[PDB]
Amino acid sequence: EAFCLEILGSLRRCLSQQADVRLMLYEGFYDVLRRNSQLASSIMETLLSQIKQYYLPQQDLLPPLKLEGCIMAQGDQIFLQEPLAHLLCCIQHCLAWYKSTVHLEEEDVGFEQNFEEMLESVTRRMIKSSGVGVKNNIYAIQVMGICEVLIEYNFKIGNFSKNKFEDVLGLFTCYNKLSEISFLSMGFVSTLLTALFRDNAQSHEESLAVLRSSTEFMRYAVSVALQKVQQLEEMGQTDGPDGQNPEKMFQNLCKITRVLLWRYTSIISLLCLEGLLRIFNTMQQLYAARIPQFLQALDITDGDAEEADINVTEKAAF
Amino acid sequence: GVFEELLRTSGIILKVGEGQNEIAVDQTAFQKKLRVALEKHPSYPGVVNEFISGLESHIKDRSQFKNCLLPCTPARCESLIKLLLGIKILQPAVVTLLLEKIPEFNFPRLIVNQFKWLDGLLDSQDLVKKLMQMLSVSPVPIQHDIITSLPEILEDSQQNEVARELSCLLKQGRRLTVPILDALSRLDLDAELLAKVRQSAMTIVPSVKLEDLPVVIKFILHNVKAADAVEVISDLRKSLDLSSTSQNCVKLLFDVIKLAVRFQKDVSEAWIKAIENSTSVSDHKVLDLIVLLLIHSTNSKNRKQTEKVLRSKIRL
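In the order they appear, the protein sequences are chains B and A. Heads up: the first sequence runs through residues 583 to 686, 695 to 718, 735 to 787, 806 to 891, 906 to 956, numbered per the entry's author numbering. Heads up: the second sequence runs through residues 48 to 123, 135 to 163, 174 to 312, 341 to 412, numbered per the entry's author numbering.
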């Protein structure tokens, strides 16, 4: 089968060409190496060559990465990034997928190398107009963005780690400092992120309370959920792994609604208001049919007692 | 002398020429062959230079020149120069080889096929300077030849600048008109570099030939058709639209006018302003009626007011 081999080898010449192709590739490498992804070896190989190429896994340097290039200054003063945010989020997602669930080519050797490079990116980031306004816009959008993507990689990187959580805090404080001078790359690390925030506890009350105990990162979590539900509700489909296949959307929608609704109702609450209000609008006007379960998804534990007119009446009740 | 020694890497036969003595492996076999001799076994660079000369004894036999581009069963779709012809350390080396292939030469156009999306090399800017430089000693077949291949797939940082360099050279001939117009159909060597170049385009073909009519029309309209490029349409309607083999001339006029008639919709408004503004009333071209057959009658949904202006001066 020379199909996928010659096809990836043709789209290699889409590896860096004007930086719109770069954005769709950084989005779509993950989908190809997920669903039709028997051939994830060379896929991770292409990501690995690219990432450890423009970005640098060097030691003890100035910036955590080598942003100088990911910018329209990487052309002729033109504002075409070749976005480090794109390839960064793509690296973190598609590596998490291929490595951790793939055995649960660029995948494995890239796995060791990306482990080193990702621990480096965390420790080396958190460890610290008009004319050049090109530089400020491009550089800063990338800086805050790479912060968000690495934030998610860490945010799932540690099960109960206070060290993972500390680096979460550091990335978040960096992001807030990026606010001083946003379409977060937070597909489920801002969708199953908040499960601990609007949760109550499991074990690491010290871990979780060192993780979110700011109200800066708490605002970052609520704002990721808010920006996200809104983009799906009206703008279009979605940002990360779960836009285009709306079954994932409905499932995570029912879940995030459950948790955000709890943290609104029982307990800043203006945010839970503003988000559930945007969301219930998205749920009446996106899942028309699926609404029969989806409203039930917040109020039920198992859908074995009633129908949708029973659902209209009883959900209006609740 | 270590020519077939380079065959030790992944399989290269010292064939007679057109017989592509492949390896039974190609894709990483040639890179193995430029690692084994061209990097490790004979010398770091020295094996590269000696093997260059050692196959260079073969380079008088243009079977091993043109079998490089030709079809013959390779290692398992090219031959020696073309099939396994990729070296990043051999970037400037086979670049000097490209200069050496340039002067005698087509064969240089098959070397431009060998460039046709060439290997992503050490520096496209030195390559682009060299390619344009050895075109001023040779004919526009080699000029427009290498303009074709670089015209879409080229470095794009000095690429768009060198594009504007040739579009600053694009006045003196009508050679670079079509070759520019391909990558000035694909892209823009500058953003209003495109717009200034299309500012070249209006008088760029006032009394042009037959085929330069369809080509320079494809450029003079569809290169960068902005909103105000609708007025662009009007300019052309004044200049070269005196509508005249001959049906082939009509076929090229139609190729331009009708690949644009349903490509970008603005040409609909363009032919509307070409007639209805000041031609579909006062001093009409027969190409006015023809283009009305194309634009003013042949629109998908741009026909209702196409009928309104269609009978508009059709009534008065």
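Just so you know, these hints were derived from the structure itself, not from any lab. Virtual Cβ for every residue (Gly too), placed ideally from N, Cα, C. Be a bit skeptical, because a hint or two may be false.
DSSO-like, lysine-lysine: derived pairs with alpha carbons at most 27 Å apart [claimed, not checked]:
1) A:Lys293 / A:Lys361
2) B:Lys634 / A:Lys264
3) B:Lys681 / B:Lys783
4) A:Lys146 / B:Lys648
5) A:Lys197 / A:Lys264
6) B:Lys953 / B:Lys762
7) B:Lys872 / B:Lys762
8) A:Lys381 / A:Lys397
9) B:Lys634 / A:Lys146
Pair by pair, the computed Cβ-Cβ distance ranges are [to be verified]:
10) B:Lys634 / A:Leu157: 46 to 56 Å
11) A:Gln74 / B:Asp642: 49 to 59 Å
12) B:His685 / A:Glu103: 27 to 37 Å
How the hints compare with the structure:
For a cut-off of 27 Å, the pair hint linking A:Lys293 to A:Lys361 stands: about 10 Å separates their Cα positions. Of the supplied pair hints, the one linking B:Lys634 and A:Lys264 is violated, its CA atoms being roughly 40 Å apart against a limit of 27 Å. Among the hinted pairs, B:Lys681 with B:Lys783 is inconsistent with the structure: their alpha-carbon atoms are about 33 Å apart, more than 27 Å. A distance of roughly 23 Å separates the Cα atoms of A:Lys146 and B:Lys648; the hinted pair therefore holds under the 27 Å criterion.
At roughly 22 Å between alpha-carbon atoms, A:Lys197 and A:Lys264 fall within 27 Å of each other, so this suggested pair holds. For a cut-off of 27 Å, the pair hint linking B:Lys953 to B:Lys762 is broken: about 34 Å separates their Cα positions. Of the pairs offered as hints, the one joining B:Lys872 and B:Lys762 holds, with about 19 Å between alpha carbons and a cut-off of 27 Å not exceeded. Straight-line distance between C-alpha atoms of A:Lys381 and A:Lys397 comes to about 25 Å, which keeps the hinted pair within the 27 Å bound.
Using a Cα cut-off of 27 Å, the hinted pair B:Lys634 and A:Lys146 holds, with the two alpha carbons roughly 19 Å apart. Judged by the Cβ atoms, the range 46 to 56 Å given for B:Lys634 and A:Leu157 is violated: they are separated by roughly 34 Å. For A:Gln74 and B:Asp642, the hinted distance range of 49 to 59 Å is not satisfied, since their beta carbons lie about 38 Å from each other. Between B:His685 and A:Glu103, the C-beta spacing of about 49 Å breaks the proposed range 27 to 37 Å.
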